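So this first bit is one chain, no partners, the form deposited in one PDB entry, shown in structure tokens.
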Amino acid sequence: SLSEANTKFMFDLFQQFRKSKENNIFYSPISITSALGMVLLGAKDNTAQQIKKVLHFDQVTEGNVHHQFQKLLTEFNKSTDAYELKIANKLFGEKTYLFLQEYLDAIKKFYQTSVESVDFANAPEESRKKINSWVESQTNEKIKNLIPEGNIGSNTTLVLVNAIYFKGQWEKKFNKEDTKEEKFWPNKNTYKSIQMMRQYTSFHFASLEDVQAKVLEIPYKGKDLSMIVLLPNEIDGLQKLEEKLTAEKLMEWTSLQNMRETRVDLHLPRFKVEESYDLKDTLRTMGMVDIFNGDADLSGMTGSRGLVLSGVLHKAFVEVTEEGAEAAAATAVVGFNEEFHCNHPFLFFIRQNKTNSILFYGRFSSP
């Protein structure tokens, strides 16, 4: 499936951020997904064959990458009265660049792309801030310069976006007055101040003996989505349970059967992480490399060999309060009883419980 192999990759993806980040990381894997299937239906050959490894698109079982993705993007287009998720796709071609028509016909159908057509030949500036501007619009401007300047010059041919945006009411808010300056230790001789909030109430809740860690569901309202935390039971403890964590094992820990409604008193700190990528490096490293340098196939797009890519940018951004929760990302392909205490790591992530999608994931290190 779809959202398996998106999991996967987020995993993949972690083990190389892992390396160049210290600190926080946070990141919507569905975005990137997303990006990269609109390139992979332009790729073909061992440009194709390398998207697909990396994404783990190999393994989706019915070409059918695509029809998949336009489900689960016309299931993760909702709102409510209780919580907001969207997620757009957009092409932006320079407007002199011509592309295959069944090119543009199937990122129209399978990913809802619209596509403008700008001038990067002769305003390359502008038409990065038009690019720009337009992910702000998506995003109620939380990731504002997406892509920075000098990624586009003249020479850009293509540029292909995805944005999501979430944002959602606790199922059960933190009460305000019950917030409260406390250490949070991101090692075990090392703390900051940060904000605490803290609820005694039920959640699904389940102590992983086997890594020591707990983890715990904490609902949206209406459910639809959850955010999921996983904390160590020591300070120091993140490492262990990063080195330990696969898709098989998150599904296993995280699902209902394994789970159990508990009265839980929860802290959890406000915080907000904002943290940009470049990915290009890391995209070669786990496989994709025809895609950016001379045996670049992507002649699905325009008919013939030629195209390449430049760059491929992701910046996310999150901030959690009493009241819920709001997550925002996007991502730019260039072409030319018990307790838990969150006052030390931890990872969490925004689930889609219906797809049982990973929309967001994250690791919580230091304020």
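Superpose the two forms; the largest set of C-alphas matching within 1.5 Å is the rigid core. Positions refer to the first chain, counted from 1. Compared with the form deposited in another entry:
- Checking 290, 217, 242, 136 for C-alpha shifts of 2 Å or more between these two forms, after the rigid core is superposed, gives a single hit: 136.
- Taking 2 Å as the criterion, residue 95 counts as shifted between these two forms: its C-alpha moves by at least this amount when the rigid core is aligned.
- Relative to the superposed rigid core, the position of the CA of residue 159 differs between these two forms by 2 Å or more.
- In a rigid-core overlay of the protein, residue 85 has its C-alpha displaced by at least 2 Å between these two forms.
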Given for the second form:
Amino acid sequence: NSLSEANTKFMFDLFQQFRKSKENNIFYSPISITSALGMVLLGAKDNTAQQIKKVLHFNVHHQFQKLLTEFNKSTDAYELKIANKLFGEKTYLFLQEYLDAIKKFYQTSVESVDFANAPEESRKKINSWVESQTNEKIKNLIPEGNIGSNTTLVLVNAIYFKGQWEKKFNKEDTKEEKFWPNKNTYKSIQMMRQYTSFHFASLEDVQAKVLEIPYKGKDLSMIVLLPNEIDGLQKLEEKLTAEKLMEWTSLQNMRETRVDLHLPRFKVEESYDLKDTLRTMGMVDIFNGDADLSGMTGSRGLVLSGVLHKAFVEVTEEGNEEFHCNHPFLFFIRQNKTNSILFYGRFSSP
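Since we've got the form deposited in one PDB entry here, give me the form deposited in another entry too.
What follows is just the one chain, with no partners and no other molecules.
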């Protein structure tokens, strides 16, 4: 929906920042994050909530719960483990009303913890919760020293996903290969090869190609963008905007063609702390003494102190023109029903 629209723009704003810092593989769940903030936005008021809404590009929670259920609908098409919880200092008493809305709309809830007296035993609490909440895939969302004795709030947003390809991949047709991060260096990888008909689309403007590899079911397909030349993605990123996607990755402007695809057998694990980032993005109150999270406790004084996001996707085999992914390229798994990107990264595996 227009929601997915907002979720997309944000993702790019988010993108732009990651770009400034990370020049390797950057992967993240725009949708997981967007929601993580909608849950917090619930218990936020005034100028503190205003920052969020603009940063997020804004009824609302209604669809964020609507869309969430979907991905939460256990299915064999794929498998995702979304571990999104609020961890706060015990001493803060959260209004049940708030707990109702978030549980209801985000199928998640707060969790009082002794940040003050026991900040160490506190970390583990959250870590372990994260593992078990993601089939034990995402571990130690928080490293030692990260959480301090002076922590009020801490939004956790881990997420794991591994879908099964509509058109399976022959485990026999996968051997060693050469991946070119840059043009002067390369790293060996196990590249999967698949010849068949896909929804291809050539990109003149940016000098790149757009392939769509669906998952079992056809409502959750991952789109990939492959710059023509090894280092043809920087320019790609440079011209990639919201509107760019809504059109370039829209199957409407795509054509089902016989394509010999060459996709690598990878897995991206990118951890992030969007505190400063979100700040510069325009969300600043929340992280300082001016934070108004009255909804969460009926009073003020609670201040978001860091936000942890961690995506972990795995691409496996199990489920004219070609698509050769031996060099960098950006991709993203969307939800075709409502074109809601729930994952996005750039693969350069340097």
